[PDB]
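Trainee: Chain by chain, the residues:
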Amino acid sequence: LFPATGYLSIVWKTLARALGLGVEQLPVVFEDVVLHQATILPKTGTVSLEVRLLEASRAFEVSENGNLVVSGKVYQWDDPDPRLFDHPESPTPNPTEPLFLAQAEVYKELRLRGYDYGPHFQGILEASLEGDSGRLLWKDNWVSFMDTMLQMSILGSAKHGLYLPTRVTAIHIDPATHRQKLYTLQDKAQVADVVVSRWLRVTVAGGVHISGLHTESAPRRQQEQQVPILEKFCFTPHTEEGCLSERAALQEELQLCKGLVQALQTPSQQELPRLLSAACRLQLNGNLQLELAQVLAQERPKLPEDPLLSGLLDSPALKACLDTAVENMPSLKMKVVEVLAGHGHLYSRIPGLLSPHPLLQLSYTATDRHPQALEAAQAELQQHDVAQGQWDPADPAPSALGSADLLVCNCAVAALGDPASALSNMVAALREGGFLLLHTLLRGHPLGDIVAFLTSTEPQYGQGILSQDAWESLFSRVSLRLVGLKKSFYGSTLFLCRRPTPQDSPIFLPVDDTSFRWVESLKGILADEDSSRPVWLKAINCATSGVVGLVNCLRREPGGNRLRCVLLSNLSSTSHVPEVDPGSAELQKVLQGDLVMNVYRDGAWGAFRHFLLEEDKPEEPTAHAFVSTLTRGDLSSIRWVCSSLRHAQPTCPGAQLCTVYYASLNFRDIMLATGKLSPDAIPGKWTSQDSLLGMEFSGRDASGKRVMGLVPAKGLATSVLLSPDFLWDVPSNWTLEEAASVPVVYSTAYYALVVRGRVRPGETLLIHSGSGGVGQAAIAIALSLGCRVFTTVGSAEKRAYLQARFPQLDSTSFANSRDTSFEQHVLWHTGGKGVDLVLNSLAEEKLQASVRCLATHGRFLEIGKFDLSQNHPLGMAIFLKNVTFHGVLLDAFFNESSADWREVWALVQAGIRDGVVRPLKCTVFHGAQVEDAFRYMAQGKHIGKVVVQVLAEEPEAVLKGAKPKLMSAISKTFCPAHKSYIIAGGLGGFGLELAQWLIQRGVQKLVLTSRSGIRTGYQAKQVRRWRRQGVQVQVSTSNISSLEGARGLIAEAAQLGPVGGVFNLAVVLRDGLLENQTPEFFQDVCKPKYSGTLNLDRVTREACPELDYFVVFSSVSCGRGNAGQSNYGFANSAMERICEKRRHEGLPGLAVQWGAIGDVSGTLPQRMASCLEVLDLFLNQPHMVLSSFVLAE
Amino acid sequence: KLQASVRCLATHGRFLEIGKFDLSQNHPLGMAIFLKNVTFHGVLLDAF
Ligand SMILES: NC(=O)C1=CN([C@@H]2O[C@H](COP(=O)(O)OP(=O)(O)OC[C@H]3O[C@@H](n4cnc5c(N)ncnc54)[C@H](OP(=O)(O)O)[C@@H]3O)[C@@H](O)[C@H]2O)C=CC1
Ligand SMILES: NC(=O)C1=CN([C@@H]2O[C@H](COP(=O)(O)OP(=O)(O)OC[C@H]3O[C@@H](n4cnc5c(N)ncnc54)[C@H](OP(=O)(O)O)[C@@H]3O)[C@@H](O)[C@H]2O)C=CC1
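Chains as they are written, first to last, in the authors' numbering: chain B, 885 to 1150, 1173 to 2066, 2081 to 2113; chain A, 1752 to 1799.
Hints in this document: simulated from the structure, not taken from any laboratory.
One or more of the hints may lead you astray.
To be verified - What the simulated footprint calls covered on chain B by chain A, stretch by stretch (three residues with Cβ under 8 Å from a Cβ of chain A suffice, anywhere in the stretch; the number is not a length): (1) 1760-1774; (2) 1963-1973.
Unchecked claim - Quick list of the computed label-pair ranges, beta carbon to beta carbon: (3) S1775(B) / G1764(A): 52 to 62 Å; (4) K1787(A) / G2064(B): 35 to 45 Å; (5) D1522(B) / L1760(A): 37 to 47 Å; (6) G1781(B) / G1764(A): 15 to 25 Å; (7) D1716(B) / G1764(A): 36 to 46 Å; (8) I924(B) / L1753(A): 32 to 42 Å; (9) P966(B) / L1753(A): 25 to 35 Å; (10) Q1961(B) / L1753(A): 58 to 68 Å; (11) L1760(A) / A2112(B): 35 to 45 Å; (12) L1865(B) / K1787(A): 23 to 33 Å; (13) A988(B) / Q1754(A): 46 to 56 Å; (14) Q1754(A) / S1775(B): 32 to 42 Å.
Beta carbons are placed, not taken as given, at the ideal position from N, Cα and C, and that holds for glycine.
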């Protein structure tokens, strides 16, 4: 974006030219600078700005393509006053200056805020912890200097989000005094001082003076260019049974097929059952199903879509098998080539499932008997790297393909002819090792035999359907070995065979030493370049071993292609302890498989794998929830999410929690939901960025008494906490549906008229928008006194409605609100005097018309927000007529001024008693149709107030119930306000932000552990701000590495309050290739991650009964492997085992595998906001280990 | 002076204008102050 101070330089140079001087001798004054639209400089091309000066009027103008950009007054400073730039009298001399922000810390804070300033705009050499005094670097440009002054202004503020200059009241510049104010640092760089004074609203730096700076929230670009791919790391046994037994749709499909088969031997909405029905209508025995036999070949192209046939592919089994294939690949590049692609259609699936791998180079070709088929979807092939080729199973593989890594057939649907020839040709073609992925049906199960019957063609071999032992023996003939099998309920299977590679006797290295002495041994073994004996690591004793990460990190390292691991980690303490010995048969088979990863958990032989996590947002039953716009400006994203009111069981008499039967929608809510209004324009440091919907409700108090109240926000919910001073007692005659409409509209009407306009009987007043709630309340109040009322409406039906509701009105008391014609009406019917009170919720051109209607001694009440927000001019000449221009904002009561509110409360109550306060009309929607209500109000045809029925009303006056009915709202993480939370290494770059997240989510008692304590300005600023907010932060030096340290840390947390959460973010990095590593390096790297987490586990099992969160952060190096981080991998992989073993028992546990963190591999850094949102997602899942990274490009 | 004095107004402030020049010249008045509850009074005792 073009800097706001950039326009200043342009206009300044224009004036200098017009005066015949230069910038270096033209002290200048700006006044009433208004920035209208932000200009977005393009990547290529240029943008043209023209500056026109009205010298006589001392006004300028900046325009772009005929559109106004900036406007204001610029004139020379005739007689500069050097003392104007003196640093204003300060409240504190600030002598100590103990800690301060350096450039890196200040711009890290700014970047977290949203600003992405680069080098040329980085000028704040250092700043105070409050952003009130600083030291600004001086290059020879003014744009950067003034932009840095504005950056200093922004830095110290407490608000969040992106704020940009919109209005400035006065700027004074004096280059001579500026050059007199600069000075040289100990280096050769020039520098100037800056002071920000919020009390006086002035920023002074050198020969510049910014006063009256106004900044307004800017909508986020909603680009969300980062979409992290999220996976779950779960154990996966090599052999599985009943793969799809969980599903019932496939069960119903098979039931229908079984019924059709019984009909044959004793809906047609899916391919296989429809073909079965086609057989049924005819006689299978008669004519040898000649007609159907001809029709049998017709359906084969559409046959694979059958959900029964393609169930295994859709299941995670295919992903697991492909992941196993890629893991054993010696390098990051793989070669795979289909066979019989014209029927298997695996080209669609395999490339997609392998995409999440960040560093996978894939070569794919679809090989078919006849090109006439694969040409059918050639276009659908081009977008992917899938190549083209002609090949037959019986024929030998052309040397073009030759050594192949992976071979996918899907013969379950494709016709493989003779299995012997196909297997022979393939296994010969396959590279030594490699993999042969085959998907075929089986005999000995209903679907297989049914299809076999249906087939009338030899080449399919009944679709090549044999018994499981038949396939196993055939594999035996071709010398392959099975390293994968996945049976399915409906009989389909998924084999994965690996052509063996001859190997010498492996070298076994136990890895159970506690001192990491084996690191020397493994290094020595791997040193030898000329050798191929594969090392087989053993991790038998410690189930908290992390050899998986060690292996992954070492595969990429030199000579790492000869590394295999065997770990025996059983979560259940009562499982069989395997005998892994050179003579043991179990070791014989596991070594025969020639598979890198071999973990034996709870009686099985599998390997950890990755799987894409379900995208659905977790949902839970919950009494307390609120309406949230998960994406601003998209009413279709409305939904119900959990609320912090679930906590706060004890409550002081000052507040009391109330159920919400009917919640109203006011116009502010529509503006917020549509995005036309920011979430920070409302007073009160809400900080949620959402949940600011709803201002009034009608429900029942805790005691069961009926009530209606007004709240600053969060009224659209199933519960609402507020002080009793903002509640009224709905009378017996009315109904809660009616009571929802009274509060806000009548309170604002009374406060505007009686308390501000001090209206009296016999007065004439103009009330705009008569049909609206405020209009109707004002009309009802006015006529009760006995006033004469003019109203403006937008249609004839609204005139009819107002006439029906208010009989006292007459045809002469209505005007038009869509034009400025009402001015003439009011002036004519009033005799030209005008009106006394005016209530104006209207826009610019119409607001001026209202001012012309005021009579002498009139009073203009402004309840709108557009002209006031944009700072439009108001001619003072109207005041020569005795006139009071009021500005009414009812929301000012919630923040402060509680003494005045009781007056409005009493006025409203008196009106309700007397009968003046009569409920408006209500168009009631339901709890599940909140979006419908929002859209209906957006249309604007509503007369009366839209309402939402959260719950129905019982007949009785009092019920003294316990809790409302339970609904289903998106689950989100909130924490009690009476529990403590521990963040090991909480002063690091990540951990301060995790605390900030926790503090925003309710945490009041926090403990941060760090070896060196507070040591930087950023940490001091953060801790001071949190303590000022009222949080009992407490920094401890307890090192969780030793058990004494863990016990002490938990003791401190308990003394502060019961321990609820434990987050371990401690990290010490000692990077290096295996050749340069040492045992002590591994010890140091594993102290905080592996020993600390074990000690936390022990201490929490001993003395933490109310704990609900146990989170430990890992890295993708453990999962995807990384070269030169072996110690990091071993430390992290060992953490995951503890978390997994905690959940099998029942205790909380969760380990996150992050990618790269940006704000504080082949994957881009992930911004902090996305990280925290994804983290909020992960704390609700039922899983153990989870991952999050953003793929490159 | 008048524009400087407006900015001194606090929340729920009240401005009394017993002057006449700025009113007679119909000089502009920024309406952004009314976002703070503020009443602008034009006091003319000649009207009684
Ligand atoms: N700070 C304060 O003191 C408070 C401020 N207010 C403001 O005062 C006003 C009171 O109105 P409110 O109670 O919200 O009533 P509504 O928003 O329900 O109605 C607003 C009025 O504006 C017109 N209108 C409504 N919807 C549309 C639309 N979609 N398109 C065009 N015109 C429309 C109608 O008049 P017409 O028939 O002429 O179309 C209608 O009577 C609002 O501007 C509100 O923001 C309200 C209370 C507190
Ligand atoms: N790119 C990234 O940042 C990624 C990070 N992660 C995860 O995030 C975390 C990194 O934390 P982050 O703050 O960013 O890293 P930093 O290195 O910036 O901070 C680490 C913190 O841990 C503290 N610490 C280390 N060992 C101990 C110990 N024995 N006792 C007490 N405190 C200790 C350090 O104390 P001191 O200040 O004295 O040094 C420091 O405060 C790890 O859990 C890691 O797995 C993983 C993936 C991506």
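Trainee: If a hint holds in the structure, say so; if it does not, say that too.
Mentor: How the hints compare with the structure:
1. Judged by the Cβ-Cβ criterion of 8 Å, the region 1760-1774 of chain B is covered by chain A as claimed, because 6 of its residues qualify and three suffice.
2. Check result for the region 1963-1973 of chain B against chain A: violated, 0 residues qualifying (beta carbon to beta carbon below 8 Å, three or more required).
3. The hinted window of 52 to 62 Å between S1775(B) and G1764(A) is violated, with their beta carbons roughly 19 Å apart.
4. Between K1787(A) and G2064(B) the Cβ separation comes to about 39 Å, which falls inside the hinted range of 35 to 45 Å.
5. For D1522(B) and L1760(A), the Cβ-Cβ distance of about 53 Å falls outside the hinted range of 37 to 47 Å, so the restraint is violated.
6. A hinted range of 15 to 25 Å holds for the C-beta pair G1781(B) and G1764(A), which are about 21 Å apart.
7. Here the CB-CB span from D1716(B) to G1764(A) is close to 40 Å, well matched to the stated 36 to 46 Å.
8. Checking the proposed 32 to 42 Å range against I924(B) and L1753(A) shows it holds: the Cβ atoms sit about 38 Å from each other.
9. Between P966(B) and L1753(A) the CB atoms are about 27 Å apart, so this pair conforms to the stated range of 25 to 35 Å.
10. The hint said 58 to 68 Å for the Cβ distance between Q1961(B) and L1753(A), and at roughly 60 Å that hint holds.
11. Taking the beta carbon of each, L1760(A) and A2112(B) are about 56 Å apart, not inside 35 to 45 Å as hinted.
12. At about 44 Å, the CB distance of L1865(B) to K1787(A) disagrees with the hint of 23 to 33 Å.
13. Our hint of 46 to 56 Å for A988(B) and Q1754(A) is violated, since their Cβ atoms are close to 42 Å apart.
14. For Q1754(A) and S1775(B), the Cβ-Cβ distance of about 19 Å falls outside the hinted range of 32 to 42 Å, so the restraint is violated.
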